[PDB]
Each structure stands twice: as structure tokens, then as C-alpha cells.
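S.K.: So you can see what is in the structure, the chains are spelled out below.
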Amino acid sequence: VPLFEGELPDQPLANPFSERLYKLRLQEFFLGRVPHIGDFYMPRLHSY
Amino acid sequence: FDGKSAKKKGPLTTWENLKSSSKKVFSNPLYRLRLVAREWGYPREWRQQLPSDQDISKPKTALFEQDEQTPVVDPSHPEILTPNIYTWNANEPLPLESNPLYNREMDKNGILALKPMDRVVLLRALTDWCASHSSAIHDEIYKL
Amino acid sequence: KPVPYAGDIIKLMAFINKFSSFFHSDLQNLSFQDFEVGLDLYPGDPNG
Amino acid sequence: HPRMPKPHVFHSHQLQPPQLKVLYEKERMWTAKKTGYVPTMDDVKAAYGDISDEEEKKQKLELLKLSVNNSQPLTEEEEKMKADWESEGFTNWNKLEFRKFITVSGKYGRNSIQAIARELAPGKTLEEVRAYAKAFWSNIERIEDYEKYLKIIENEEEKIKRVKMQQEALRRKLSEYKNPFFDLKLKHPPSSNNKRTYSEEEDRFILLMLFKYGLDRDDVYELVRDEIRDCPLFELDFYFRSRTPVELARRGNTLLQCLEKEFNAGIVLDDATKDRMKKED
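Chains as they are written, first to last, in the entry's author numbering: chain A, 510 to 557; chain B, 270 to 413; chain C, 174 to 221; chain D, 795 to 1075.
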């Protein structure tokens, strides 16, 4: 993680649930997108 | 007292707050809401939906333009800014008695005085105008 | 099961999640089932 | 001693000729001679022209010997021809009736006869308005402060027209693209100076929704909020909700302007040309 400073400030594989920019726009009980079918939703609780 | 108030810290409502002795805590907020609701907009299922399949929002209600002003007394400007105007087909809310908002019980009874689906509708609505008007959070989100 | 009323609940919950500071802790662990039973909703009907 | 060589009121003009004011001064003119009112640096004030000058001994004396020795002491023609000069005007349209008339005409357009008249009925009957409006343009020169009074007319209509070809402009595009909700392009004016919060296809919907209403220039911004309140895919955004139709104007107008600036070479392509009967175009 400390390597990615001059690079992206957050990892391509990072924690979404620490971003104040990706906070409002985020949907989380999404659980999966599947072609020709749709999307899979998992309301589980608060995480903020 | 927007956002910061006398009781600034914490969620605004507590168990004792609901279990308080006011016994009709829902009254004044319900009053305030039935005031602001008519102009704040309604969901379809709480709109007085058109029986008339002619005052669709897309057309208008009635022909306010009795006739087009073809014989302009000013031929120098044959253009007309009043070609054909109508009466307006805004969607209406229900009658107040047909407005479950106007069911007195919630003052004391609380949210459990309705049909379930209607309860759902009102909650979605309360979220709606809270996000649109709870100015504290409303600015906070845009800040964030 | 056809549940005409779920995604509404979903918005309820996600909103509540993003606004944790605004909400009671008892609100913070709420679930879908809480609302189902409490609000008296049963699945199955395409009509509610 | 002093008469009024400032004749009967004309600032609240009723579209009247100035020889009428000449004949109103003719009423002064006998009154000066009959009742012995000598023109004086007080009285001679429309023809004052004497600022510590010796025009006083002559210009005032000109009006003096003219008024006292009046060779038109309300000759019978003066009563008659003044009456026609005040008849040819429009007595009703005083500045009250005047200003409303001209303001409401400028509002709904220089030609919205019935529209402004349905409000102007207390002003007077419609054909009087038709007559009065007619001679109004012909005798706008007979109107004081008339150019600005015309500016409040023609400029007023322009913003109204501005939507008219914007009505036209959006007619184009929503008729132009094939699946604009998946085909549209406005990268000609991408953005002026913005935190560019609303992504395109969001806005494609809204403009689809705005124009499927069309450029109603009345209430659409109220209406689409309701759709955003109600759109199953668009209920999913919350930023779409904390934006009331008031702010939705800010965005909506902007994109109106965006398509406007995109089509600024294409709106006027079918906007501002009207032909007439006797010139090939």
C-alpha cells in the first residue's frame, strides 16, 4: 500500500469503504451482475 | 434550528423521545408535513391519477386558446407569441379524506394506522423530502 | 417470490446506512425481516 | 397675472397630435388677452430661451403682444379642430392604461391581441385595443419615452422566442437521433465551467423526458422531478432528488444551452427567417 503514492492513491484492489468520494454514489447490497439476467442484491446492514 | 440546535449531538430522536409523555408527538410534525406536502409533490400511487385519458401531462387540460390570432393588426410582425395556449394538466393528489396523510390516528397511533403498502409509500416519501429539504444533511451530502 | 415492495425497503436501508451519524444505534442493526414483520408484509403477491 | 403657457396635460398622452397642444395654448391665448395675463419669464417657459439674456425684452414681448393682441381669440375653428385632434387620440389609454397595455403587449408578444386583451378588457374593448394597438405602432413616434417603451416590448419577446427555436432545436435532436438514450452526442459544448456532476445518459433521459414533454417553458422542471421521484431506474440516484426543479433549471437550462451551443449552427438553420407575399426567396 505505501508503494502506491505517486501511482494511484488507492489500490486497484483496495478498500471501497474508506472513500468520501466513492461514498454517495456507492451501492453495496448489490451482490452480482449476470448477463442476460440482471443483478443480485444482498441487503445485509450498515458498514460506515 | 438547522442541523446544529440546542440538542446538537447525537441522533435527534431517542427511545425516551418516542416513549415520552407527549403521547401525541406525531401531531405537530404531521401538521407541518400536510402543510408542505401538497407543494412538495406526490408519488403516483398517491396522485389523483387521471380518469380522463385526455389531460395527460403531455397534452393539456382544456383549450384556453379560443382561436389563433391570425388577423394581426400588426402585419409588420406576423409572428405570434400566443399561437395556442391551454389550461394546465398538472397531476393532482388525492382528496384529503382520500389522503391517508389526513388520518388522525398517527398523531397518537403512529405509523401503524394504515394499510401496509401505504405505510411503505409514506416512508419512501418521508425519505424523499428529507433528502430534498433536511437542509443539514442536504448540504452535507453535497459537501461530501 | 414476487416482492413489489423490496427495493423500496432497499433505498430505505441504504439511505439509513449512509446517514449513520443521524440515526440511533438500534436503527443501525436493523434488517429486512424487521421491516417485513413490523410493517406486516408477506411476499408472493404481484399486487403488494 | 401669470397664465399657464404650459397647456392642458400631455405627459399622460393619449396618442394625440401636438397642434392640439397648440390649440390648448390657444385656450391660454384668449385667457391671456381676455383676463389680462401678460406672458412673462415665468409664463414664457416653453419658449423661455432667456438665461440672463436680453431675449426677455423681445421673446417675452413677442408672446406678450401676441397673447394680449391675439388675432385668434378662440376663433370658432379652434374649438372644432382641437376637438377632432383630441378625438383622433385614445382618451382611455392614460399612463395607467397606457403602461399596462404596452407592458402586457410586450409580454405575450407584439401580436398577442386576444391574449393581452383578455387581461386588457378593463383597459377597453378588444377592437379599441386593436385600433389603439394599430395606431400605437404608427404613432409610437407620437409617444414619449417610446423607444424604451418599445425596448420593453421587443426585448421581452426575444427570451420567449429564445425558447421557441429551442423548442424547435430540441424538436430537431429528439427527432434527429435514433436511440438518443444510447446514441446522443453533445460533445460540441462538453461543459463551460462546471463540476460536471450529472453524467450524460442520466441527462439523456431527462432531456428525453423534458422534450417528450417538449420545451413547454412553463412547468417541465417541476414535472421531471416527479418523474425522477418516480422513475424506477432514476429513483436509484439520491443526487437526482436533493436537486429540486429550481436547481433542475440550472442543469436543465445549461443543457438547453448545451444543445443550443451544439446546435447554434443548427437552430438558426430553421429559426429566424419568415418570407412574405411579393419577393422570391
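Honestly, the hints are just simulated from the structure, not real lab data. Be a bit skeptical, because a hint or two may be false.
Unchecked claim - Straight line, CA to CA, 20 Å or less: simulated DMTMM-like cross-link-like pairs of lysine to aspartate or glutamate: (1) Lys945(D) / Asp324(B); (2) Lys1068(D) / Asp324(B); (3) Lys191(C) / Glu1029(D); (4) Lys1006(D) / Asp324(B); (5) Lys958(D) / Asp1024(D); (6) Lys1073(D) / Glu334(B); (7) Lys958(D) / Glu334(B); (8) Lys412(B) / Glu528(A); (9) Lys288(B) / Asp181(C); (10) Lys327(B) / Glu1056(D); (11) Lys184(C) / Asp1024(D); (12) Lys184(C) / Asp397(B); (13) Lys955(D) / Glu409(B); (14) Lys191(C) / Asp181(C); (15) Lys191(C) / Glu409(B); (16) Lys191(C) / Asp213(C); (17) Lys981(D) / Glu1056(D).
Claimed, not checked - Some chain D residues near chain B, calculated using beta-carbon distances under 8 Å: (18) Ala927; (19) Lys953; (20) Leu1027.
Built from N, CA and C at the ideal position, the CB exists for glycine as well.
S.K.: None of the hints should be skipped; say for each whether it holds.
M.R.: Hint-by-hint comparison with the structure:
no. : hint                   : in the structure
1   : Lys945(D) / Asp324(B)  : violated (38 Å)
2   : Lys1068(D) / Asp324(B) : violated (33 Å)
3   : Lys191(C) / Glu1029(D) : holds (16 Å)
4   : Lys1006(D) / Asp324(B) : holds (15 Å)
5   : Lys958(D) / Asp1024(D) : violated (29 Å)
6   : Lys1073(D) / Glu334(B) : violated (32 Å)
7   : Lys958(D) / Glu334(B)  : holds (18 Å)
8   : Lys412(B) / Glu528(A)  : holds (14 Å)
9   : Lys288(B) / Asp181(C)  : violated (28 Å)
10  : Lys327(B) / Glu1056(D) : violated (26 Å)
11  : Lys184(C) / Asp1024(D) : holds (13 Å)
12  : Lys184(C) / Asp397(B)  : holds (10 Å)
13  : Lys955(D) / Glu409(B)  : violated (39 Å)
14  : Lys191(C) / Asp181(C)  : holds (16 Å)
15  : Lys191(C) / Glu409(B)  : holds (11 Å)
16  : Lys191(C) / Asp213(C)  : violated (26 Å)
17  : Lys981(D) / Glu1056(D) : holds (8 Å)
18  : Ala927                 : holds (6 Å)
19  : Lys953                 : violated (11 Å)
20  : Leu1027                : violated (15 Å)
Comparing the model with each numbered hint stated earlier shows that hints 1, 2, 5, 6, 9, 10, 13, 16, 19 and 20 do not hold.
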